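S.K.: Single-letter residue listing:
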Amino acid sequence: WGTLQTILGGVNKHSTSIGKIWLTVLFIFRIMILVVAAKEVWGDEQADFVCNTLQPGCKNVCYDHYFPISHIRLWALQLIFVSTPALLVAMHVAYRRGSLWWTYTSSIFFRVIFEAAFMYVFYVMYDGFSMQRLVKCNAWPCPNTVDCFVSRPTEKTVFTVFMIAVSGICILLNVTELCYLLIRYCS
Amino acid sequence: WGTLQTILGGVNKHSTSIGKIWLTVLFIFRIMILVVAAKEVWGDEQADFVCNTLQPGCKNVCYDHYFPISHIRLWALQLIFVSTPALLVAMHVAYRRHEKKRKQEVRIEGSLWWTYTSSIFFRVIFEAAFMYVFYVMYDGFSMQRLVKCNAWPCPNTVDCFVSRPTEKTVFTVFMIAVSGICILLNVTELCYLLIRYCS
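Going line by line, the protein sequences match chains A and B. Counted the way the UniProt record's numbering counts, the first sequence spans residues 3 to 99, 130 to 219. Counted the way the UniProt record's numbering counts, the second sequence spans residues 3 to 105, 124 to 219.
Here chain A stands alone, though its shape is the one from the complex:
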């Protein structure tokens, strides 16, 4: 998109001190990582999924059972969910240019909730942050238990720790922006 400078710049103008630091983390360390490096790592997620079996359809059900949602698809959804509250406030500030307190605090509160929900979903669904080389599968029509092997498990572990750590930082930065605002009014 050739208008990225305009929309990012528009958010940049209508932002506080920390809010400008938060924007550089979301765009440079999260959007670019998901676009230039991570999206190609997951290219052959199912094509290079190898199962030690002769059963037709066993590979399809086993990959589906262990990867109900791809990692890169989860991060694409999370990025969009933590992007609407910031832009909606930014558009409202532009329209205003009082009531801004109840929107700016709400957007920060919503972003923290969204970021913690996705991180929780990542942990519970994928039983940790480490991808295993071998998955044992016993769903129909696979006979007994079938051994299957994941494509690039180590590459995916490095990029998932990187994304989780950055999201953890975004939680901390949004907490301080609440602490800065909380002491102004109710303290």
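Keeping only pairs whose Cα atoms sit at most 25 Å apart, straight-line, the calculated SDA-like set for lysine to any residue is:
#, chain 1, residue 1, chain 2, residue 2
1, B, 61, A, 172
2, B, 61, B, 48
3, B, 61, A, 53
4, A, 168, A, 154
5, A, 168, B, 57
6, A, 61, B, 177
7, A, 61, A, 48
If you're looking for bench data, these hints aren't it; they were derived computationally from the structure.
Given chain A, work out where chain B should sit, using these hints.
M.R.: Just chain B, lined up with the frame of chain A:
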């Protein structure tokens, strides 16, 4: 076997008028057909059993379901079963003849009645039992080109194709027809004896 002439000749001597006809039909038109022709018709029965499927093990269980006992193996068992009552009596005839000489048309006089009559009666029952098994197990005497199979692990119903069904049908009809002829010949020998003693 090199002693076939010996045993066939020995059985031939110790037999009645009709019983010698029964020997030719048994050996020429049942044993020779089974050995010379029939056995190699069934040689590739499972090798070219073809099933339209990708499921491992489906071919194994579908062939087993539809051919629990092979036709030629069924005929081999039947031939052995209907040969012993004839050979045992023929051996007993030699012993009876041995006793008289130690003191060539076979005639039944004394205890030979209850052995010969039983041997004829057993061979009729053995042949009918095998003919009944052939009909019941294979739902008739015609092999089908296509069999539909749904035993585990085959998914839903699988189409499978038999090797040389027409040639197998031709030899099945031939073996059953000859077996029925042997039954008719055996019943006549019962009729010949049944009017001598009890009539």
